[PDB]
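Given next, in structure tokens, is a single chain: the form deposited in one PDB entry.
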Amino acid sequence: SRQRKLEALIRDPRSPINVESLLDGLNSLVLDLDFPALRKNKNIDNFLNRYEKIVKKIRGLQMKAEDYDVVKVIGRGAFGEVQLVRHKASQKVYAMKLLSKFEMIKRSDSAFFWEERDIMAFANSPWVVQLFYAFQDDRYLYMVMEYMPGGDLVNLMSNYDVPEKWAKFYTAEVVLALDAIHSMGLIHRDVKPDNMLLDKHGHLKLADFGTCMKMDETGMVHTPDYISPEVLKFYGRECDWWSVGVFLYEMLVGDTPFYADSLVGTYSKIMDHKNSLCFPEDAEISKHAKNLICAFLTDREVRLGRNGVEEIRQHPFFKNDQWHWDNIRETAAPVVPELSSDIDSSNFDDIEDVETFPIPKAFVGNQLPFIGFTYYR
């Protein structure tokens, strides 16, 4: 039936015409028309009068920023911040990412959040931070995610001298996490320890999917210290595997392989990786660890990971007496976080602390790029 086919489209949570997206369309239409200049048009003024009471009722019922208490700012980004929040009714703690609609439109970057929201909402993977809710108001997009109290791998590296047994565990967990992202047809493009978070048990999850891109049928897609040579000079999955080599080097050596005083010096060192990569003589690194770093830090054509993840899995570096690839996330992590409460943000450094869209004379549609963002798990 045509009515059955149409009702199936609205029930689908991945559908652009689900009830949440249809409510976004109505909310956005009201937001973009409720201006004194536009209200001079009888069509616009009468429509706003008809939908005024129901839209105000809907606004009070739907999820909003006022349903959460902001505890602390635990992160900052180009377009907003990440807050540690507590839901006022349920008393449950989450991490909430905010994205400024004004900054996203002004800096012509207003489409990256679709894949970010979808990866977190629909991955169903223990390696990806879960999104519970996605909602919005006139100024921001909000993403309510699981809070990772263990902090990131930048914080871990600065508080510990990482032994090779630990480095082996974290690299293996990054490998499985990137294999999960790659299996969903995506390339991360920003693999760095700042985006590798640890949960309450010390296990890894990836976060910040703002650079993720869906790869085409060929498996292709059209940060200075972690950027690969091919992006500096049309990239595939092995672009993410470069960053894993840089990460394993930073963990074992204590410094980045292509560190330099200037940004141009660092770029020059990455282009010259065939001669600029060298392990310090004091370095306490095994032959297998140097071999694995070197297999990742090569030109894209011969790089480890180009032919999937099976070649990475069988590398001799990963041989150990604690875990297997099928059970690594259910074994004891090297560092188990010592938390004093559900809002303990001691594994996060303190963050140091406004503009709106101009009132329009004619219809501009600033809310239109955000229709369909709302999602409730």
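Between two forms, the rigid core is the largest collection of C-alphas that superpose within 1.5 Å. Positions refer to the first chain, counted from 1. First, how it differs from the form deposited in another entry.
- In a core superposition between these two forms, the Cα of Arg117 is the only one among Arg117, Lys192, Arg303, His182 shifting by 2 Å or more.
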Second form
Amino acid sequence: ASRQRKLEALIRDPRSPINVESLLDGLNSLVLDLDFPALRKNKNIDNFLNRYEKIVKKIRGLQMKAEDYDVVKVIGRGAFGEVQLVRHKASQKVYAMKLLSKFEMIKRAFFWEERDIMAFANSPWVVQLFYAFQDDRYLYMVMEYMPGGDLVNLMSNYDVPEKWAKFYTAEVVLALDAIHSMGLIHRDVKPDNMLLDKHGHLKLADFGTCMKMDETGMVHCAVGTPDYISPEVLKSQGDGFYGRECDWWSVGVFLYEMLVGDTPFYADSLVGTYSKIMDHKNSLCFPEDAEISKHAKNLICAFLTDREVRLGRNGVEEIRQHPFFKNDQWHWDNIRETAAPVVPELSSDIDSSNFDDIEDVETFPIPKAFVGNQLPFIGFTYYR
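Can you switch from the form deposited in one PDB entry and show the form deposited in another entry instead?
Shown below: the chain alone.
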């Protein structure tokens, strides 16, 4: 009973590898991976499935499921799956729910490690995870809805003045400081990941790229669209190592797209984008027509240089000290409680005006032998 108290404690700890959610995930996966007629020929499998069939159904009904949510509309669709604006039926609260195809996911081990670190850190600069669940086909992630839309949408609807770019860059800078302080490297900082909350304040979202830094403060191994990716990250794709400074390159790309209107290494092809990024010493140029302050040009260039000499290599203090961030509207300690330059007008809690309309799927193939397709997702379920 003393050893049983110690064992009953690990299972109660929600941050434990084997806990109630993990144990339930294990039993659900075991039932799913064995419920195939070819496998059912084995008496051990058929009998286990018979005993636990009814109870696994009862348990699946009590646990959080997709049916507990009302699908308002799709606000993003991709290769992975979609993002739905949903409302929890019982609490009546609106959330953003990403659906990941388990099948597509498997074609890419413990990938939610960084999601858990970020979820626990609970930074006001990072889009919050409330719950995560799963069914045979999908992985579900219930996130805080960011009704202000992303910075792709803001950029395509506004001509961004230096007062505005000075604010979003500072918020991205504090969000990246937060992520690095968790022992993480975002890896794919771009305006699709820059989401705006109910008041127009920025938060960084991780769409599966965040990685835990090793003892040396480095990562490895994905890119997708490269406009915001540093040369070191491109060159690593390979098993190459890079640090947190790869995220500061994306801040420079961001400041450029805000003030200029186009990405600094844009091209009609992906190859050309990749090339212009690698030859960034010759290809970086500001248009004559685009009027940009000396400090703005300076800051973009301090970030868009080789990792060795890039701004942020010494720390965040030199980025904050940069004269571009001299202003009469905010401080580095109070920026999030100051007036945001673009305040959203939201008539209802399901107002999705800042999101482009989408409106309107492959699965695992039935196995002959046990293959354990559900095994990699044991522990994904998150409840707090």
